[PDB]
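Residues per chain are reported as follows:
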Amino acid sequence: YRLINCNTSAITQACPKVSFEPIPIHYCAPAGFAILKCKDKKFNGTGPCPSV
Amino acid sequence: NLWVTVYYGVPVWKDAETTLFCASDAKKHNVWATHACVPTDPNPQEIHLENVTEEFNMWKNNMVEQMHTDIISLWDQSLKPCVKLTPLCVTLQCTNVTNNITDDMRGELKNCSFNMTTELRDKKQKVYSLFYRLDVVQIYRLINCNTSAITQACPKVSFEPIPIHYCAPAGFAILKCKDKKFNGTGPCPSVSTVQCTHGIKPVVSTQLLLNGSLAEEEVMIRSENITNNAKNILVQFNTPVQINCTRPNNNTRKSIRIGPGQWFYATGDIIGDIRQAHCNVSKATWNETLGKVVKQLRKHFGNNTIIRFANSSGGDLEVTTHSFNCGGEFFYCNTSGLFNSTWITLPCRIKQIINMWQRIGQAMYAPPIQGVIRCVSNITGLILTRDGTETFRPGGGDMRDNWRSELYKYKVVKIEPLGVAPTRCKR
Amino acid sequence: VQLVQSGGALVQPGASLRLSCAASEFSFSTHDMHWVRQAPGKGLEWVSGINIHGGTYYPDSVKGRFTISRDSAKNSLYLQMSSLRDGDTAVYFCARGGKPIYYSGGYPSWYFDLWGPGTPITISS
Amino acid sequence: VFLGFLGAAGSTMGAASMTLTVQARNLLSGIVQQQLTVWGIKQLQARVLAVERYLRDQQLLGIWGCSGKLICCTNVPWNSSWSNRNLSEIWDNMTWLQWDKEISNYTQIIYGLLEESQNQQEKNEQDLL
Amino acid sequence: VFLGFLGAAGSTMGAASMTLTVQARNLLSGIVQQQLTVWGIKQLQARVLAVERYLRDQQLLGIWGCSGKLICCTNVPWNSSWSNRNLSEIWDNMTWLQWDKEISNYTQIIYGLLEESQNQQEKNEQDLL
Amino acid sequence: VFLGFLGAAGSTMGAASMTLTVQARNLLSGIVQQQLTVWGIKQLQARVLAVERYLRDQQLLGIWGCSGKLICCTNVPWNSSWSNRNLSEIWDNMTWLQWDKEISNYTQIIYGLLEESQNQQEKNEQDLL
Amino acid sequence: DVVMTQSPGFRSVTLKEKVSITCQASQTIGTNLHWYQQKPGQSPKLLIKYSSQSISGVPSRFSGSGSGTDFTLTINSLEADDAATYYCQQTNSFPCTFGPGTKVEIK
Ligand SMILES: *[C@@H]1O[C@H](CO)[C@@H](O[C@@H]2O[C@H](CO)[C@@H](O[C@@H]3O[C@H](CO)[C@@H](O)[C@H](O[C@H]4O[C@H](CO)[C@@H](O)[C@H](O)[C@@H]4O[C@H]4O[C@H](CO)[C@@H](O)[C@H](O)[C@@H]4O)[C@@H]3O)[C@H](O)[C@H]2NC(C)=O)[C@H](O)[C@H]1NC(C)=O
Ligand SMILES: *[C@@H]1O[C@H](CO)[C@@H](O[C@@H]2O[C@H](CO)[C@@H](O[C@@H]3O[C@H](CO[C@H]4O[C@H](CO)[C@@H](O)[C@H](O)[C@@H]4O)[C@@H](O)[C@H](O[C@H]4O[C@H](CO)[C@@H](O)[C@H](O)[C@@H]4O)[C@@H]3O)[C@H](O)[C@H]2NC(C)=O)[C@H](O)[C@H]1NC(C)=O
Ligand SMILES: *[C@@H]1O[C@H](CO)[C@@H](O[C@@H]2O[C@H](CO)[C@@H](O)[C@H](O)[C@H]2NC(C)=O)[C@H](O)[C@H]1NC(C)=O
Ligand SMILES: *[C@@H]1O[C@H](CO)[C@@H](O[C@@H]2O[C@H](CO)[C@@H](O)[C@H](O)[C@H]2NC(C)=O)[C@H](O)[C@H]1NC(C)=O
Ligand SMILES: *[C@@H]1O[C@H](CO)[C@@H](O[C@@H]2O[C@H](CO)[C@@H](O)[C@H](O)[C@H]2NC(C)=O)[C@H](O)[C@H]1NC(C)=O
Ligand SMILES: *[C@@H]1O[C@H](CO)[C@@H](O[C@@H]2O[C@H](CO)[C@@H](O)[C@H](O)[C@H]2NC(C)=O)[C@H](O)[C@H]1NC(C)=O
Ligand SMILES: *[C@@H]1O[C@H](CO)[C@@H](O[C@@H]2O[C@H](CO)[C@@H](O)[C@H](O)[C@H]2NC(C)=O)[C@H](O)[C@H]1NC(C)=O
Ligand SMILES: *[C@@H]1O[C@H](CO)[C@@H](O[C@@H]2O[C@H](CO)[C@@H](O)[C@H](O)[C@H]2NC(C)=O)[C@H](O)[C@H]1NC(C)=O
Ligand SMILES: *[C@@H]1O[C@H](CO)[C@@H](O[C@@H]2O[C@H](CO)[C@@H](O)[C@H](O)[C@H]2NC(C)=O)[C@H](O)[C@H]1NC(C)=O
Ligand SMILES: *[C@@H]1O[C@H](CO)[C@@H](O[C@@H]2O[C@H](CO)[C@@H](O)[C@H](O)[C@H]2NC(C)=O)[C@H](O)[C@H]1NC(C)=O
Ligand SMILES: *[C@@H]1O[C@H](CO)[C@@H](O[C@@H]2O[C@H](CO)[C@@H](O)[C@H](O)[C@H]2NC(C)=O)[C@H](O)[C@H]1NC(C)=O
Ligand SMILES: *[C@@H]1O[C@H](CO)[C@@H](O[C@@H]2O[C@H](CO)[C@@H](O)[C@H](O)[C@H]2NC(C)=O)[C@H](O)[C@H]1NC(C)=O
Ligand SMILES: *[C@@H]1O[C@H](CO)[C@@H](O[C@@H]2O[C@H](CO)[C@@H](O)[C@H](O)[C@H]2NC(C)=O)[C@H](O)[C@H]1NC(C)=O
Ligand SMILES: *[C@@H]1O[C@H](CO)[C@@H](O)[C@H](O)[C@H]1NC(C)=O
Ligand SMILES: *[C@@H]1O[C@H](CO)[C@@H](O)[C@H](O)[C@H]1NC(C)=O
Ligand SMILES: *[C@@H]1O[C@H](CO)[C@@H](O)[C@H](O)[C@H]1NC(C)=O
Ligand SMILES: *[C@@H]1O[C@H](CO)[C@@H](O)[C@H](O)[C@H]1NC(C)=O
Ligand SMILES: *[C@@H]1O[C@H](CO)[C@@H](O)[C@H](O)[C@H]1NC(C)=O
Ligand SMILES: *[C@@H]1O[C@H](CO)[C@@H](O)[C@H](O)[C@H]1NC(C)=O
Ligand SMILES: *[C@@H]1O[C@H](CO)[C@@H](O)[C@H](O)[C@H]1NC(C)=O
Ligand SMILES: *[C@@H]1O[C@H](CO)[C@@H](O)[C@H](O)[C@H]1NC(C)=O
Ligand SMILES: *[C@@H]1O[C@H](CO)[C@@H](O)[C@H](O)[C@H]1NC(C)=O
Ligand SMILES: *[C@@H]1O[C@H](CO)[C@@H](O)[C@H](O)[C@H]1NC(C)=O
Ligand SMILES: *[C@@H]1O[C@H](CO)[C@@H](O)[C@H](O)[C@H]1NC(C)=O
Ligand SMILES: *[C@@H]1O[C@H](CO)[C@@H](O)[C@H](O)[C@H]1NC(C)=O
Ligand SMILES: *[C@@H]1O[C@H](CO)[C@@H](O)[C@H](O)[C@H]1NC(C)=O
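Residue numbers (the entry's author numbering), protein chains in the order written: chain C, 191 to 242; chain A, 33 to 59, 65 to 141, 150 to 184, 191 to 309, 312 to 323, 323A, 324 to 395, 414 to 458, 465 to 503; chain H, 2 to 82, 82A to 82C, 83 to 100, 100A to 100J, 101 to 113; chain B, 518 to 552, 568 to 661; chain E, 518 to 552, 568 to 661; chain F, 518 to 552, 568 to 661; chain L, 1 to 107.
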């Protein structure tokens, strides 16, 4: 037998102290920019949004 | 009863050394393609200046050093993340190729076998490739094995001679000299200011300058010092001459797995008869350009002085031959048949391990190329040295002079908009 | 609107001559003005020009022999030529520089919107 | 905006002074401002330095009380030792390049005397209320 | 300072003009300005670009002779070809978003005419002494 | 230009106010501005941040209608709750360091009232034409 | 210098034909090319500016385009009144220059 990816590419080992926990990340605008949030109820993803 | 008045936006400048930025041609892994400069095009930003005679000196132009510095940096960045052929620095068992080989190719091709690694770290494989003698040493071994690391150029990376334009950063401007028959230094009575330069192709060659610009009227001959035999002389033709170079011997390559995600490209057997690489020059135009050069050399050396052209004597390939790069293959052609005259078939050799800039090795290992190569270039210039009747020979120099020969028309200065003068106005 | 021009002339080689134009229904003070000449069998060679601030431009083919000037008070333009040659035989014209696409200061656009009728000069023995 | 720029330098200081905005409008944006950190970092460095140069000149004008406008009267008298030419001689026969060389020796002296705007501001407060 | 900002856009140009500082005070600091070169380099690049944008607008106002204040009278007449509405019609019934679209076609023309401040400065020197 | 700088701090606010340009002239250039991306990147980051700090203060002065000059009268009355000293007492017996501490509590309040310059600009347009 | 050429030397055309002539530069001039016409005994007139811009006073049947080193002038439907020698001028690089002209004869 063989490891299945041996003939294709390099294999590593994830660092044991590194944990990719799904921590929520927030995003903000840089200066000169602003973010518009659509509050339209039952918005289907496109077009005019009367409440922003 | 005069007063100090401060003026802002004053059109004055001083010489300065700054970084110039490149610009791209729009219209895709052709080196410059990754390290894109962002496309420009509608930028004929040229303004004629009246009077303001200014001086230029092409041998003191710092732009040359930048071109050298960044092209070499980019070369390494493009080729760094490739294979690293550690496993090929092994003993070779070589024999002669016994196929239908002409006389001019005897001893040129070796058939060598060796023990190569595999993707599975338990086993070895028997692999063979053809090699050219210039890259192989009899103890056999690869010739650079005992000196430094060898890699394999990435097969999808192509260092095409794409013209690059340069532009000033804010606060700077470029002065272009339009003086006809300018010899490279001193006052230039006709100058314009530009945003950017024209494009220059990053062509690296020896002896003859290919695919550059042409002189406007006369063949120009210039050097830092005309009478210094320790200096290289730059000759720019007003007429292009074509050179036709070919590489015969239709071939293929083999993709050999050498490790877990690593591949080596081997040279396969030649299809058909085996012949040497060579270049064609039209004798009629070669004779004309040398005569034109002599007519101009006589201006400084005497028109009653016999001028002879002679061979590029020196100690190595990078010194004595004409270096070309076509199809990704590196050629070292014999020009002794050109510089033979007192006032055309040129055989040629090839290599895969190229040092380029000496340093420590680099050894990109030009991969084998399948099929055949046909390449036609424009001879636009020549570099000569004199030995002192006088004799000239193909000269030397770094790639720096393959930039200087085009960069000589441009200089960069720093804008200094604030200053004072007396007026009759008091606050 | 037009450029009113003087009549033609015959002079000997080495002679000097002054040409002039005038602004009909406009001010010269608002435009860059140029002179061109049309030799028989030729197109229009630019000869000289003056900007709105009095700065000037000349070809090397006439520089040192030709001088351009303006007097806005009378809406007139002048071209003063010295040491004329037979080779300078041409129809001389004044032309009003065409409006530029974006402000340049006293730097001409080098194309023309308004052309005068033409004033021939013959230089011969 | 190379519609016109340093071509002003071909004429006299007087004439050139009528087109000062022609150069000012071309001082903040190089080609890299119109548009693997290797190599690309140089563009970032250049943009930053261009900003610094601009601001240093603006700060100097601010300090002198000359922030705003192209031409600023200072209320500082011109020294007779700085040059010996008729006022009209320099404005009609000299270019700015020539002038800058002629009085280069006094650059720091002149600027040091523009500190007088500070005394003027103190006087103005006292009599302003 | 999102105490108030682009909400001004919900009303007319006239009304919005009374709160211009509300937006100006929010133009120089993004979240990264309040607060391994990999990834982090982007924050550096963004801060630099924000500065460049700010300065370019300030430079333009400087050139026009409108540096300082929120509202600048130019002494350049409005062209009849640019719009055909009563002055009060645009100030009371239009928003700034609508207005910007309506006269977008003349942006460069209008700015080019603001170069006239240079002629005004030359005239002012001559009659000022 | 350490010919003189923060030594002004040794005296009273009144005296110190006569040398404000002494510090202003030293705010835009650190040693790195007079003069392998590893380590060197820090110099680039520092230059950028210095620029940002400078501009933020200039923007604030712009908003208040105090851009230009060292001393700006605001037309906003001083509150009796902010301090209880004779005007001459603070100018002759206090230093700026002491003063800054004494009224630190009112920094935001005072700045918020400098928004009044916006109302002044609207009034000025209406009566200016 | 910018050397400008024109081709053909002259063109033989007939009425209501859609026609064209071209101009070339020895070096790129961007889009800084202008078209002029002249009739015998007449002063010059400018018809097209900056490669493709129209000019008031020029009939809509005249148009053209180009960039770099290659430019074209065309007439949608040739009129008798269009007989003229047509010329190109470049304003990209000082000295300003012009081509030899193409004569258009109408039959
Ligand atoms: C002076 O100027 C002249 C003129 O420009 C230069 O010579 C030209 O050089 C180019 C490049 O060498 C050459 O163009 C090639 O023409 C071939 C004709 O068939 C093409 O096949 C070839 O394209 C392949 O190679 C390219 C290399 O980067 C690839 O990018 C391209 O996608 C093609 O490769 C694909 O297809 C092959 C098929 O087998 C495949 O194996 C590859 O993996 C890939 O899939 C080029 O288009 C011009 O024809 C040359 N012209 C002349 C007159 O020689 C000259 O080199 C310049 N001199 C100097 C000193 O710079
Ligand atoms: C590049 O280098 C060239 C070469 O030196 C410069 O060209 C010279 O520029 C100067 C400055 O403009 C020119 O001098 C001017 O000449 C005008 C000609 O007037 C003639 O006609 C009147 C009619 O009554 C006569 O009285 C007079 O004597 C002449 O015969 C003058 O009118 C100008 O003077 C005006 O301004 C001065 C300012 O103080 C006033 O005092 C005067 O009263 C008057 O208003 C001035 O003398 C010179 O002729 C140019 N030479 C040529 C060959 O053109 C270029 O200027 C320089 N660069 C650029 C960009 O131009
Ligand atoms: C590595 O080996 C595996 C095993 O042979 C290769 O994957 C097989 O490819 C064949 C092709 O027809 C398929 O029929 C098999 O089902 C595949 N195996 C599996 C487990 O799916 C794989 O492609 C090899 N990788 C490389 C780079 O050669
Ligand atoms: C959200 O709902 C709206 C309303 O039905 C959709 O808008 C229609 O989209 C079609 C797409 O061609 C148009 O032809 C109609 O004219 C649109 N209606 C109106 C009133 O304009 C919209 O596409 C929906 N979006 C999604 C993502 O579903
Ligand atoms: C280089 O040597 C190899 C090894 O002998 C040659 O390949 C052999 O060619 C014979 C021809 O009939 C075959 O039967 C063998 O099976 C081949 N061996 C291998 C390992 O492929 C190869 O042709 C030689 N190349 C040259 C140019 O001489
Ligand atoms: C690969 O390695 C093997 C092992 O060293 C080489 O073959 C040996 O050659 C020596 C020479 O005297 C013999 O004594 C051994 O018995 C050989 N071993 C075997 C297994 O045959 C082999 O030649 C190497 N191959 C290449 C291509 O270099
Ligand atoms: C690698 O080996 C080669 C071969 O021996 C060395 O180059 C030789 O150096 C001797 C020194 O006198 C010369 O005479 C030979 O002509 C050289 N060989 C060739 C092919 O030119 C080379 O220097 C060695 N490299 C290192 C790092 O030791
Ligand atoms: C270009 O031509 C000029 C004119 O001959 C050369 O200028 C001379 O250079 C020598 C060098 O010592 C001086 O002694 C002469 O006085 C210079 N002549 C003048 C008129 O000043 C210039 O060196 C040439 N440059 C090149 C690169 O050949
Ligand atoms: C150009 O080269 C010539 C020749 O080498 C230089 O002239 C020589 O200068 C050295 C300096 O000590 C003298 O000893 C030689 O006698 C000079 N040779 C002659 C023939 O006079 C010349 O100086 C170089 N030009 C420059 C500018 O350095
Ligand atoms: C240079 O030109 C010669 C002459 O055409 C080329 O060699 C010829 O190649 C053809 C091909 O079938 C032969 O029939 C001729 O007999 C050859 N002539 C000679 C004199 O050998 C030559 O290959 C060309 N070289 C290059 C680099 O293009
Ligand atoms: C090109 O090939 C020729 C082949 O003859 C080489 O000629 C030799 O040149 C040296 C130069 O001094 C002479 O000493 C030899 O006697 C020449 N050989 C013969 C057989 O006469 C020439 O050097 C080669 N040039 C290059 C650049 O490779
Ligand atoms: C350089 O030129 C000489 C002179 O023409 C060449 O030598 C001649 O070669 C022909 C070839 O048949 C002989 O017949 C002549 O007798 C030779 N002349 C002499 C003086 O020996 C020489 O081969 C040329 N060199 C190169 C590299 O082409
Ligand atoms: C050498 O330079 C000449 C001059 O530019 C090239 O020939 C021209 O190529 C352009 C390309 O569109 C053609 O339009 C011109 O008509 C060509 N001129 C001539 C006289 O044919 C030539 O192709 C270049 N040669 C090489 C090998 O690069
Ligand atoms: C190839 O043949 C040449 C002929 O002299 C000989 O010198 C050389 O050693 C041979 N090489 C091999 C590997 O057999
Ligand atoms: C190069 O090839 C072209 C192909 O037509 C040919 O015309 C030209 O003469 C050749 N050049 C030389 C030097 O033989
Ligand atoms: C070289 O040609 C020039 C041309 O005028 C001439 O004056 C000079 O004397 C000639 N020199 C010799 C050595 O014949
Ligand atoms: C090389 O030989 C193969 C054999 O079939 C042929 O298909 C291929 O086209 C040849 N290549 C060249 C460049 O002649
Ligand atoms: C000029 O310098 C001299 C030097 O002693 C000085 O006395 C004089 O007051 C200075 N000022 C002026 C305007 O001349
Ligand atoms: C003013 O001009 C005259 C002209 O000759 C000159 O003699 C006098 O010295 C000038 N004044 C100055 C300060 O140069
Ligand atoms: C001061 O004047 C002297 C006079 O020769 C000059 O050499 C020196 O460079 C001048 N300094 C400056 C700043 O111009
Ligand atoms: C408006 O544009 C027209 C276009 O011809 C122009 O004539 C007029 O002077 C311009 N200015 C104003 C304020 O109407
Ligand atoms: C002013 O308002 C009236 C209202 O109907 C309108 O008819 C008139 O055209 C308006 N003026 C302009 C410039 O629109
Ligand atoms: C100019 O007006 C036309 C009218 O349809 C419009 O399409 C075009 O986008 C306008 N240009 C600008 C800058 O708004
Ligand atoms: C000071 O604060 C008090 C708090 O009520 C306020 O009533 C008064 O108007 C404020 N202003 C001044 C200048 O005292
Ligand atoms: C003014 O100074 C006198 C000195 O004793 C003091 O009593 C009085 O309260 C002071 N006024 C203020 C506002 O402190
Ligand atoms: C406000 O005053 C209190 C009084 O003790 C003090 O502790 C607090 O730090 C002050 N806030 C500021 C901003 O100075």
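Quick caveat, the hints were computed from the structure, so don't treat them as lab data.
Even for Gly, the Cβ is constructed at its ideal location relative to N, Cα and C.
Hints are supplied without guarantee of correctness; some may be wrong.
Residues from chain C that face chain A, not an exhaustive set, calculated with beta carbons under 10 angstroms [as the list claims (entries may be wrong)]:
hint, residue
1, 192
2, 198
3, 199
4, 200
5, 201
6, 203
7, 216
8, 228
How the hints compare with the structure:
A least Cβ separation of about 7 angstroms between residue 192 (chain C) and chain A falls short of the 10 angstroms threshold, and the interface hint therefore holds. Checking residue 198 (chain C) against chain A: minimum C-beta separation of about 7 angstroms stays under 10 angstroms; hint holds. The closest approach between the C-beta of residue 199 (chain C) and any C-beta of chain A is roughly 4 angstroms, which is under the 10 angstroms cut-off, so the hint is satisfied. Because the beta carbon of residue 200 (chain C) sits about 5 angstroms from the nearest beta carbon in chain A, less than 10 angstroms, this interface hint is met.
Checking residue 201 (chain C) against chain A: minimum C-beta separation of about 7 angstroms stays under 10 angstroms; hint holds. Violation of the interface hint for residue 203 (chain C) is found here, the shortest Cβ-Cβ separation to chain A being roughly 15 angstroms, above the 10 angstroms cut-off. Given the 10 angstroms rule on beta carbons, the hint for residue 216 (chain C) is violated: about 31 angstroms separates it from the nearest Cβ of chain A. With its C-beta approaching chain A no nearer than about 33 angstroms, residue 228 (chain C) sits outside the 10 angstroms limit, and its interface hint is violated.
Checked against the numbered hints given earlier, this structure breaks hints 6, 7, 8; the rest are met.
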